[PDB]
Every structure is written in C-alpha cells, then in structure tokens.
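Shown next as structure tokens: one chain only, the form deposited in one PDB entry.
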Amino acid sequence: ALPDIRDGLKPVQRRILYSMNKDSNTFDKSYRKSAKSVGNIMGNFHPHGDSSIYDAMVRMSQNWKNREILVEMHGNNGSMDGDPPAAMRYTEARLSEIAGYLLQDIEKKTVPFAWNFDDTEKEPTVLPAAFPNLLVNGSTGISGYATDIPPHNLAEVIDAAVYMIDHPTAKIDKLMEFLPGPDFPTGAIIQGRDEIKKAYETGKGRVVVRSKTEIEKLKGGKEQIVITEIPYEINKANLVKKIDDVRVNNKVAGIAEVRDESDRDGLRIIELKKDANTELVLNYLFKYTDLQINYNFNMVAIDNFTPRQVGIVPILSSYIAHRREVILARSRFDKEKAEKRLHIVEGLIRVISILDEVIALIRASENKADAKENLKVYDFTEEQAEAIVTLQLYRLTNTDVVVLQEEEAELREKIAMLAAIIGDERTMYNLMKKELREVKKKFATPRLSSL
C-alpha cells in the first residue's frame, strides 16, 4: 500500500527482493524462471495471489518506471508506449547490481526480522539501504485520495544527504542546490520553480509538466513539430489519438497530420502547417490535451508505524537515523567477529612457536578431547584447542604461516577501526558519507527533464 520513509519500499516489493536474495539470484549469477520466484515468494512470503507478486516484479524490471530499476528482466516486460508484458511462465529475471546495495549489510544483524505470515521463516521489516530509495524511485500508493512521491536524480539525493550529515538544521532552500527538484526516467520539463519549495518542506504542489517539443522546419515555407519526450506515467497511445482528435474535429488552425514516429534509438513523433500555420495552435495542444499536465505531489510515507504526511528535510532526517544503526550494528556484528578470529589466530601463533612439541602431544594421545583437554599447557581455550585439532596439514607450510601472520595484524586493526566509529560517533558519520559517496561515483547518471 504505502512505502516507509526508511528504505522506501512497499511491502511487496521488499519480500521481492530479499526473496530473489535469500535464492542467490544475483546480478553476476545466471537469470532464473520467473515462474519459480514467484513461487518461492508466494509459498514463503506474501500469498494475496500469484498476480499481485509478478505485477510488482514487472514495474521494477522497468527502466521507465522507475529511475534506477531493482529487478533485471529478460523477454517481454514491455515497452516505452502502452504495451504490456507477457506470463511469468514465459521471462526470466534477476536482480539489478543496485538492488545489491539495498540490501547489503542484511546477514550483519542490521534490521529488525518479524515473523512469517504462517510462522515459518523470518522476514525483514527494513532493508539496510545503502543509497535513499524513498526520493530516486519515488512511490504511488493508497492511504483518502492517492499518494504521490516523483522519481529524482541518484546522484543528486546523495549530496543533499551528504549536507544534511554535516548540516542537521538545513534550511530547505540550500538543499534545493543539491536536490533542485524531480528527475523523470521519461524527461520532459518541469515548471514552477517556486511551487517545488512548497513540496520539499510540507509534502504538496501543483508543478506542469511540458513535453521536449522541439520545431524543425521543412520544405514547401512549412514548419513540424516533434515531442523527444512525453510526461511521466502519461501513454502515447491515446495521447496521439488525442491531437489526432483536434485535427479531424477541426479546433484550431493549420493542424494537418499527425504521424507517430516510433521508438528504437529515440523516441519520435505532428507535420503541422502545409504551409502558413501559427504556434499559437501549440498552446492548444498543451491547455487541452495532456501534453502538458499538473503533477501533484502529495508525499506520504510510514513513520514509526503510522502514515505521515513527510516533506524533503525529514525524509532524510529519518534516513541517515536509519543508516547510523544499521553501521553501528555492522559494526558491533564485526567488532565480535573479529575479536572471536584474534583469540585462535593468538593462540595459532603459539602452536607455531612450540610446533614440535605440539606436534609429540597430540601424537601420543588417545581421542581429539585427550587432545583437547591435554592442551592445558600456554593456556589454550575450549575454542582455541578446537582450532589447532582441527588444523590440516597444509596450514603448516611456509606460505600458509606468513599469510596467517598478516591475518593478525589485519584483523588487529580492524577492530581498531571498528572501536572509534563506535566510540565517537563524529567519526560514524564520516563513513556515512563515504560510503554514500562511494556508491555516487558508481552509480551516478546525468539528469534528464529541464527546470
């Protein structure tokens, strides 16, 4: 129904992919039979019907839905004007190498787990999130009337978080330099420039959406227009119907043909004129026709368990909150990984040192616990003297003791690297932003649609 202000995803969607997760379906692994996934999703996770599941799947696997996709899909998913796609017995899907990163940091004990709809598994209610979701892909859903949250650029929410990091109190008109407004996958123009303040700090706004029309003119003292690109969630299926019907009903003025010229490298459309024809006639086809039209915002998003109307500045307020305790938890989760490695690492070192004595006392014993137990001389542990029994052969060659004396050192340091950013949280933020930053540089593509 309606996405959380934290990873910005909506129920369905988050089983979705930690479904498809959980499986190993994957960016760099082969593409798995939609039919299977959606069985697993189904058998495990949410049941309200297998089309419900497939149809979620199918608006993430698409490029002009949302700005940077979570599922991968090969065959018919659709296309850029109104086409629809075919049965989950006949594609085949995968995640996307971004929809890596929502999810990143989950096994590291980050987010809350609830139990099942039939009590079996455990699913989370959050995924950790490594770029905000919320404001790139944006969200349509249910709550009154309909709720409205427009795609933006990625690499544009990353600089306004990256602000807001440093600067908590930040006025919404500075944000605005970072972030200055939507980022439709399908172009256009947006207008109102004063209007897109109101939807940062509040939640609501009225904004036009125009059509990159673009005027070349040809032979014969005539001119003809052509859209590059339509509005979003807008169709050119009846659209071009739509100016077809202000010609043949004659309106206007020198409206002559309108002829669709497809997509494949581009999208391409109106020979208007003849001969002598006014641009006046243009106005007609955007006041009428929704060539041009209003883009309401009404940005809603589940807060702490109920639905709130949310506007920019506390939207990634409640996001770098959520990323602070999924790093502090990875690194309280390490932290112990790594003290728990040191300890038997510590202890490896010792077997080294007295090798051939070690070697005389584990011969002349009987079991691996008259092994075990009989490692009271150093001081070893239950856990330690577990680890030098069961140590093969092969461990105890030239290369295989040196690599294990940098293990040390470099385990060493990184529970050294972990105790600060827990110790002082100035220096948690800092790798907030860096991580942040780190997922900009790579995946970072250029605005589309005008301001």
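Numbering follows the first chain given and starts at 1. Heads up, when I say rigid core I mean the largest set of C-alphas that superpose within 1.5 Å between the two forms. What changes on going to the form deposited in another entry:
- When the two forms are superposed on their rigid core between the two forms, the C-alpha shift of 2 Å or more among 367, 120, 304, 283 belongs solely to 367.
- After superposing the rigid core, the Cα of residue 395 is displaced by 2 Å or more between the two forms.
- Once both forms are overlaid on the rigid core, the distance between the two CA positions of residue 59 between the two forms is under 2 angstroms.
- Annotation: Cα of residue 351 displaced by at least 2 Å between the two forms, core superposition.
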Second form
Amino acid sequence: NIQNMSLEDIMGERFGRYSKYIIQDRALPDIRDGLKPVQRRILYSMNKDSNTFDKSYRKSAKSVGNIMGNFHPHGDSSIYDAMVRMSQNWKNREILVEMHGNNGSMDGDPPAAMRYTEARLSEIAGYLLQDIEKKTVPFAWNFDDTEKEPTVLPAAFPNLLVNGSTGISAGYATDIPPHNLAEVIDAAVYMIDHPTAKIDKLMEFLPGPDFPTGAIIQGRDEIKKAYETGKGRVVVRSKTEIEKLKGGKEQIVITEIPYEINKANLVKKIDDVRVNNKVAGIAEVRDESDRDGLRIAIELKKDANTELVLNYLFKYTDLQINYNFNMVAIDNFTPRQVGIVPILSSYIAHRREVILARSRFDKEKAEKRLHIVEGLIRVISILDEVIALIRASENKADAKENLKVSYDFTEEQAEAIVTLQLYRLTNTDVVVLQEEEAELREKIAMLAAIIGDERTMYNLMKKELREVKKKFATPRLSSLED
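Please give the other form, namely the form deposited in another entry, since only the form deposited in one PDB entry has been shown so far.
Just this one chain is shown here; partners and other molecules are left out.
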C-alpha cells in the first residue's frame, strides 16, 4: 500500500535519471553529426516523408505532427521552434531547413505559427542524410517500439563545426561557434593525410570561427587556446564605418553585428545611451535595415568626440561582446570537452564507419544479383530440361528442391528461376546478361578494395569531401584579427 524511500535515495534515483537524459538525449550534440536528438528526428522524419529541397514545400504542422507521433515524444511547440531555428540563416551558417513564410527576423519577432508556414529540407541537409538507406549508421527503436530511428546521421559534411551548437544541460553546457564549410573540410582533408597533425598547422586551413552574421573576431591566441582545449574567450565586434554629413556632423554606420545578438534590442539599448546621456555626443539612432541590407546609423552632434562614443558603445552595449568557446559534445555516449582535434578525428572515424558500411551494403546487392545472373545464364543452356522439370514438379517448393538437387542451383537462384514470368522463356540471348555479369564483377572489385584497403578508402573519403566543398563553398563573412 505504501513504501518508504529516504530523501537521500529519492533525490538520487531522480536527479540521476534527469541528469543522464538531459546530457545524452536533450541539450548536447553528438560529436559526429553535430545534431541534438530533436534536430536529428526533424531531419530524419522530413526525409522519410520525402519532404526534400527538390519537391514542393509541405505544411509545417504536418511535418511536426509526424515527428511528434513517430519519433520525438515531446511538445509540438518545441519541435516547431527547433525546426524554425534550423531555417534561420542568421543563426545557422548553413541552414538545414528551408522555410517559406515568416520564420522570424534578426529583430527576434516571433515566427508565424506552424499553421501558417511551410518547409522542406535544404539541399545541404540532403548530404547530412546521404546514404541513410544503405545501412550505414545504427538504428534504435523509437519510443513506441513501432519504428526504427537513426542514433546518428551519415554526415557527408562536418556539421558540428560548420553550424555549431549551444548548449545547456545539467553539470554541462555547450558553446561551439559555426565555421566556414570550405575551411573545415580543408582541415579534415589535411588530417586524413596527416592524422597526427598539430593545431598550429590545422589553423593554416581553419583560422577560426565564421559567423553567418559576419563581423570582426579578435584574438588569435584565445582561438588557438579553444581549438586546443575546447575553452577560450574571443572578442566579436561590429563592422563599422564613419560617414561625414553636412555641417561638421559625423555619423557611425553599422553593417554587421555579433552572433546571437538581437538587432532590435541592440538598437534600443544604444538609444538608451542617447536618452540617458550616459555619454555626451549622440544626436539620433536609426535602424535603416531593409529587406536587403543591415544598416544602423548613429548620427552624432556637431563637435562630438566620435572615438569616445564608439568606444563607449563597444564597452557598454553588445555592439561588441565576448564569445566563449565551451566545446562540449557527446562522444561514446558521454559528455566530452573537446578541441578541434578530437572533433575532426571523431568525424573521420565516423565517415570511415559509414563508407565501409555503405560499401558492404552495395557489395551485397551486387553479389546477390551476380549470383542470380550466373544462374540465368546457366538456365538458358538447359531451358527445355528446366521447363520439363518444373512441369514435373508438384508445386513451387518441389520445383525448387528439384532445381537444387538435379542441376545444383542454390535456393536463391532456384527462387529467381521459378518466379520468372512465362514470356522470359522467349529469350535466348546470353550476351546482354554476360555484360551485366562483367559490370557487376567490376563493381564488386572496386567495393571490395575500399573495404580491404585503408588508403583506397581514405582516398574515397577525401574525394567526396572535396566534391562537397566545391559545391557548397561560400566565402568568409567574419574577418579575423589578432
């Protein structure tokens, strides 16, 4: 009827439970594909549903309900918020979801509700899912035990660094800024070739973070420190220009701001400086950003010290902020603070896993087929005796048994022969089949070599990473300064 537990024990089995889950299955990204579980399910469900960059947009509510019912047993609003986020290109260096409609602004006004919006996987998102149908990655049972879901994605690009993550669980938090796709891949390629590469050298390829919001990142040293240990504090500062206006008045013009910074709040807080006269000099503050440009104009009074003003805003507003690296991720089911090296190496180990898996799978298909084709060719040699045998067999089973026993076909071949349609009997061309037999024998040799030879395999993985870079490469947005 009733049962006693101590306050000591009760607070253990409970916080233990929550702690574990929040760490493995909520707040922290997997080190390999760079996704938290909610994002993985969004991409996987959308992809299962054929909701891809090359097909019509699909109503958000439909995507969200499917995710909720099949994969992610939580609130629809959180799922949607996460979906929306992956579509905001001022928060993701490479957006994974393409969303038609009001998905928000840098001003942080609310996205249209899911009843109003439509969405689909972006083309690049496709590459995160590349080869998932080829048994390349481990699956688990969903919460319902009704369907299998992937525990990680194949990740044909290094999403963790490219898009970043953030980042608050229990006992742990995470902050990993986004990077330039091209730079990240260059490092990965160099590291495939030189596994023991040091950070200094890696940084000739991957010099630092690249925010979608651009701006200026300052502190080569703290960057080095973060790539080394996973923690570091760099400075991010707005891109500014001065503009002389008529009558001795100057004007400060902002064109880029720091990552994760809300434009409307920034502008307001700058205007608060003017209203409070915390510092003398400010005439007016204007947000002049339009549908195709970000432009904040801070007009100064005549004979006003524009150095003092700009310096004050840098210190007391978010015109300039500190950005703290705190690269934590899930490696081998546990949280790890990691620098650039573990990250790149975990990635490479993962691709290896995938490419091997991908290749075993394709090779198995080629084999099962080649095996059938070999039988068909043979059968043609003895058609009449084979039709007679089937004609004398009591049923499907008996016919297969007779095929094995009298002419040494295997089960798999027997089953293919016995389920041929009558019209096939009209064919007697062995050549076309022999051409297929040759094409398959070649494909199997290539695939077998990838699996048997570490270097052939690593070439493949370099070849593919370069194809991705050539396709999705965009220029740096953030400038680096020491």
